[PDB]
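Okay, here's what each chain looks like letter by letter:
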Amino acid sequence: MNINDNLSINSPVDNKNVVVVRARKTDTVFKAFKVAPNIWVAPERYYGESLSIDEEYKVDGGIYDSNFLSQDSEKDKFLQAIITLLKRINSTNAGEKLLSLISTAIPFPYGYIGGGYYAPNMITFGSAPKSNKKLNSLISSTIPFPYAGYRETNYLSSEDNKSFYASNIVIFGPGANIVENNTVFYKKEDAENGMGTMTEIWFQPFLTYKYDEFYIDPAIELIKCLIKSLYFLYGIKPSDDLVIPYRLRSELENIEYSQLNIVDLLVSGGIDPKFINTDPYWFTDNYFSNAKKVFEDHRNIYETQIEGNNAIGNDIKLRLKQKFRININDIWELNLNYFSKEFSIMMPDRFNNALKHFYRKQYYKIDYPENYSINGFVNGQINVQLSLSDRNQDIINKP
Amino acid sequence: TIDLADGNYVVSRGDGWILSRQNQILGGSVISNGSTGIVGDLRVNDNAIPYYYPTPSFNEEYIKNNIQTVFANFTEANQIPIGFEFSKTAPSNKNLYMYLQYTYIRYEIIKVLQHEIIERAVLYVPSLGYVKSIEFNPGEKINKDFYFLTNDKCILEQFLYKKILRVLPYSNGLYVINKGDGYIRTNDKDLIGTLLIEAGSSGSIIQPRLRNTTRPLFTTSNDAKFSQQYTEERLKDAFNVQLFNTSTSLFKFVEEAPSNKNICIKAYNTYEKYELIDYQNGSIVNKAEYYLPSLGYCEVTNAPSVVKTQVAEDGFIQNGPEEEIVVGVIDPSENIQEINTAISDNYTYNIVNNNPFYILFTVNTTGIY
Amino acid sequence: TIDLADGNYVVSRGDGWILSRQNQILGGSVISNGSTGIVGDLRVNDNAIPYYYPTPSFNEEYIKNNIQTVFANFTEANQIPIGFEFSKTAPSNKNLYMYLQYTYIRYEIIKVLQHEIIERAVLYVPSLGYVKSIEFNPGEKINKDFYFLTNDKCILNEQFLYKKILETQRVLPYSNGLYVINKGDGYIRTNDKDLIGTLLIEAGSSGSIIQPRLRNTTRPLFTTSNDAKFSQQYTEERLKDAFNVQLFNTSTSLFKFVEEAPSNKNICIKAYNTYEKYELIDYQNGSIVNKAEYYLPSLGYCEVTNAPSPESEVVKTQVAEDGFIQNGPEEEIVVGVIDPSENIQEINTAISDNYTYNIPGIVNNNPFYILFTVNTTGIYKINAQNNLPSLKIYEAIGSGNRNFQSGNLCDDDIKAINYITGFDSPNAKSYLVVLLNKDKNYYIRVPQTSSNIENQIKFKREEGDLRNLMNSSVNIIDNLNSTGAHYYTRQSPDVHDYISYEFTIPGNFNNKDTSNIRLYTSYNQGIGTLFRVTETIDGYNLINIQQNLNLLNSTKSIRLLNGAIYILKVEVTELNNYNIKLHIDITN
Amino acid sequence: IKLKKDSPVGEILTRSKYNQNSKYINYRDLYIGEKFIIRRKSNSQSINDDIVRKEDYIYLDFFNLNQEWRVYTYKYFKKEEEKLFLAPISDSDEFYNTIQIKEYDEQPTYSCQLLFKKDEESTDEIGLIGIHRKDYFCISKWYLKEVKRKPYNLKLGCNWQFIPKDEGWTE
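Protein chains in written order, with the UniProt record's numbering: chain A, 1 to 399; chain B, 22 to 177, 179 to 187, 208 to 347, 352 to 397, 401 to 418; chain C, 22 to 189, 207 to 626; chain D, 1110 to 1242, 1254 to 1291.
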């Protein structure tokens, strides 16, 4: 893996590394810069969420501003920030492995137009000219008619709907809420059925916050977003109703619980997963069995059918192989604790998904070629001099 | 031992190189009396993997980059499947055995100190195939040199080295000129391949268009006005070119060698030259050249019965006919008004603000106005 | 009504079985006015399923297992899509209608009691297709027999292959080591176990059987006489070392057989899958101590046959034994390979005029190889401490073609070696005089040693007269201190190869007392030359004494000096025994 | 570690485990690998005493086939992590044979450290035996700085222990 660091917002649209594609099937287009195999960056804000939300719908502890990432200078700064974060992740062996897995974990392609992953049809072309004694009508060349006809679902379509670019991850900007990193799938049905789906990430690399006596490295937030995206890429996404009891709301006068989705628990790391991922397991659902069975079915489909087909390309056949090399338990047992240990990054460790209730966050601005670098925060995670962001006054407070 | 100045040199020794000890690892075919045997292959993915044999001070990246910069680029050209085939007809009362090999392109990166070579790396690009055929009787002894090859040799012999360091009576406007369809690049940068067909055999090269991706070539003298999108739009306005980087029209070349001697067939990828000129007061103030991927070129030659030649400068050679089609196009920067009624006998159009512009109209009857 | 003993029998009825009522289900084409039309299909999966007609005694599993045991394995063969196509040009101006149907292999399993068939089950395996054509006119009535088939019938040879169901030399002069032998191409299995299929072409038509390589899966075969050391993985590794065979169970190489029938009679084409045979042999002391056979999938074989006369009764012929038949040309290519159980040392610096190599302790008295290259082409004398042990020299095949670094050694990792000279007797006293080229990698095999004394291998660049003994192994004779007769047995070299014996004549040097010396051999015939040898500071100065001798049972003697040191060079021109036996009869 | 068949460098192999009949019991075999022995350097202490004390110069041999081979290191090397040289007992002017066994952890532990020194009377110090990442059994000079840190790291690659055959451990 090698991050393409030679890109900028002023680069011309060459339809190979800088493209202008259509957002889903709406009327809006956006620019996209490919920074790695099947990894793209969209330096503008997200398109799905309206940037001017009603005041009655703003969430607590969120900086709402409909002017961020509007000028080309800010867009270029965002692009360079994402490049720097990706390069920092790629520097360590574990980060490089995660990025390689993200790049190679394409969603499972569909079959032929008639169904199936076996051999395609055949067609004969180019009959040789008639000789003086032989008709030579059958002296031709046989070629597979629908060569590489497996209809992949991970692609961005150009504004003309005539050019298509393969892509697994698109890193947009933040949506309506500036400080809210999010990971959204492209298709729910293909994300929950073991097939796989495209993933989009809303990331805010310019604002961090202080916890205890250290600043949060945005690289770890990006790593968490990538790990959560790996769930969508492999199609192992549990139903939204699979939640666990996270915290008891002691501040209230009634017995109520705040619950967390199992994906967030399995990705966020910390100490909470240690109380569920126990040997033997006390918490088990049919989701794990179904996911393992569907993954085994798809691996068998690749091994017996999509492997011996000599009429599909090694651009898919050989990524599917690498994608199915790993097991599901590898994805499930992959959380932020491992990357924190391998990166020596200090992160919130108890109830990190409920830090809004415990204390109010103060946000610090990050200038990327001033404070962050290829090796992370300058002068360590503690002794880095970061100025408090002027947006702290705009944090909406709804008790 | 070489006659060159000291330094590093990138050398191409042509294609049609057959390796040693791996002749019939792909297997052969036995054809009985009367019938025809066609043995072919389709270089796409795994047999299209180059072989690197590097030395100290010449790593894989160094040799790869140098060979791409000077000679043909194989990393992008190997993604496109190219098919080749041989056809051999067995005698009326005899058996024929034919077996297929792989012919590569020998690339070298030599280091000349004094007048002798002190270092040499090799890079083999899988080019095409080669069928060796014999006619045999049951129990007949066949020479061991027919099957086995002790050392590498070229079956086609070059050494290309590069040291590493008229009045136009046109009105003022925009013109698109189709200047011919034969254009190949120098230094065999567009060589699809070369087959050596033995006597009494037939050979064929097919571009099956299994992957419909083509690479046009664009040059310009002013990227501000004549860019990729601008030139594509002008071409679509002039000749209605709808496909630029994708073609579904596929081409094949077949050659039957005579029974006397062998033959060699070379298939190239061609281009169509579309100049786009901005003519102003009898002078081309801006010119942008576009090269649209065409349907290849075929050459037939005979092996001669070597000379270290310096590589040629970058450029294009046209092997097609002499063409010059000039089509004026409407300037997109000038507004266009229309008259929604045909001019019958007498019309007055009332006029945008002091800006050159077009008026689109038609006449109700043929006549002189 | 059959003429076989009681029991159960597996019967194959051949190819080309067209079923009833299944005509005109794939369709047909109409052409006219001499227009050529081509129709083809693809037997891949769905239209390539068997038809079972079982019996209470013969269930589906039973018939399938027996058929696949005795005859072609249709389950694993139908997975590979095989294509076929027919072409039939129209005549002068009369419309021609053709239609395509399937053909099957009929596999009957019968229960013979007394000498009457009392029970039968049928298996139909889809093989290929068949095109039937007619010439018609608008409004002309066509016979119903052309369109509709009432009963199953065979359109090919009337085969009946039955098998009863049972309720259960040559002198090789190669040196010791491992060899891979390509034994030829075109190997098919007996009983049509490899038959892609049969295709019948009518007069004035063309037919083709094609393997389009829509699936790369191929099935190699492997047999071994010793699975402990010659396993399938081991044989694949040795094949890769010898012939650089990359793909074993995967192949992407289309092959197509096309036949145009003459316009007077029908014709038939049988397409088979073939195999390339590789024998990996471990050869020690002039005998094959181990052998493994590997059959790599080749690109098929086409057989052209004529339709037999319909006026001929069937003959119930038993199947042939399990074996292979070679249909291609006679080929036998032997390539020695490096034993992977022996470690390989390296000498990075190119050998100059002089070099001495000390045997490392990591060897710990084990046979091994040393890899070395020589700076300048020349004749080198390679020996060890007092010429012990007897060491062999090889030459990597194809080395020096790709890589080059002057004055250094580039390890090409070539495991295919060509034997040059040497002996396999560790107690023999000899030194090699070989010719080494400038840019070739060479291997020296140090044999098993039974001593703790460290050894030194010395390479001396010889520019004197030792060039006479090019590519030879000078064998030192030291136990010659009496009269009578002596015999020395060595590994005989191949034809047009050289051996040498350096000996000394008992007695002091007095320029007199010319003893009678009779040098001959026992079985092998060789041209012998004698030299006198003069030792100087720079080396040896060979002095010609006799040439163009005939050692085989020679009965001539030479009045030759005593005390001198002579050299006898033998070029074997006739290989009759694996071991050469030089007899020296010395008399006063 | 296991002695390589061709190279004179011990290769790193993953330990076995117990998967015979019970899923309730899990462990890894400790009686695998090469059998190491320790011998005195100068035979200057008392013969009656035969226990190994801290900061002791000794020879660390291992039993290969039917012989005892010592472990040496090169005099000069460029990279910090240098591979070892496994050879029968021999005297050379280009290899170091004396190993000083030491204990660095102030807290109680069963892990010891092995250092390479030019001579018993020479202040020159070569490095510490360890395992560094493909895993490779080598000696490093970087361990010297990291071993003197006030918070001792017990999970370092220099911590070595010796497992004799005991009557309490089976298989």
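Calculated directly from the structure, the hints in this document are not laboratory data. Every residue, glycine too, gets a C-beta built ideally from N, C-alpha and C. Keep in mind that the hints are not guaranteed to be accurate.
Where chain A lies over chain B, by a calculated footprint (3+ residues, C-beta under 8 angstroms) [as the list claims (entries may be wrong)]: (1) 53–62; (2) 101–108; (3) 250–257; (4) 290–298.
Simulated crosslink set (DSBU-like; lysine-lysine; CA at most 30 angstroms straight-line) [claimed, not checked]: (5) B:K132 / A:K75; (6) B:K132 / B:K221; (7) C:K496 / D:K1261; (8) D:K1144 / D:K1285; (9) B:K85 / D:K1285; (10) A:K34 / B:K278; (11) B:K153 / C:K496; (12) D:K1261 / D:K1211; (13) C:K278 / B:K85; (14) C:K278 / C:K231; (15) A:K31 / B:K267.
Status of each hint after checking the structure:
no., hint, result
1, 53–62, "holds (count 3)"
2, 101–108, "holds (count 4)"
3, 250–257, "holds (count 3)"
4, 290–298, "holds (count 4)"
5, B:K132 / A:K75, "violated, 48 angstroms"
6, B:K132 / B:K221, "violated, 42 angstroms"
7, C:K496 / D:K1261, "violated, 39 angstroms"
8, D:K1144 / D:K1285, "holds, 10 angstroms"
9, B:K85 / D:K1285, "violated, 56 angstroms"
10, A:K34 / B:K278, "holds, 28 angstroms"
11, B:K153 / C:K496, "violated, 45 angstroms"
12, D:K1261 / D:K1211, "holds, 16 angstroms"
13, C:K278 / B:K85, "holds, 26 angstroms"
14, C:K278 / C:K231, "holds, 27 angstroms"
15, A:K31 / B:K267, "holds, 22 angstroms"
The structure fails hints 5, 6, 7, 9, 11 (numbered hints given earlier, in ascending order).
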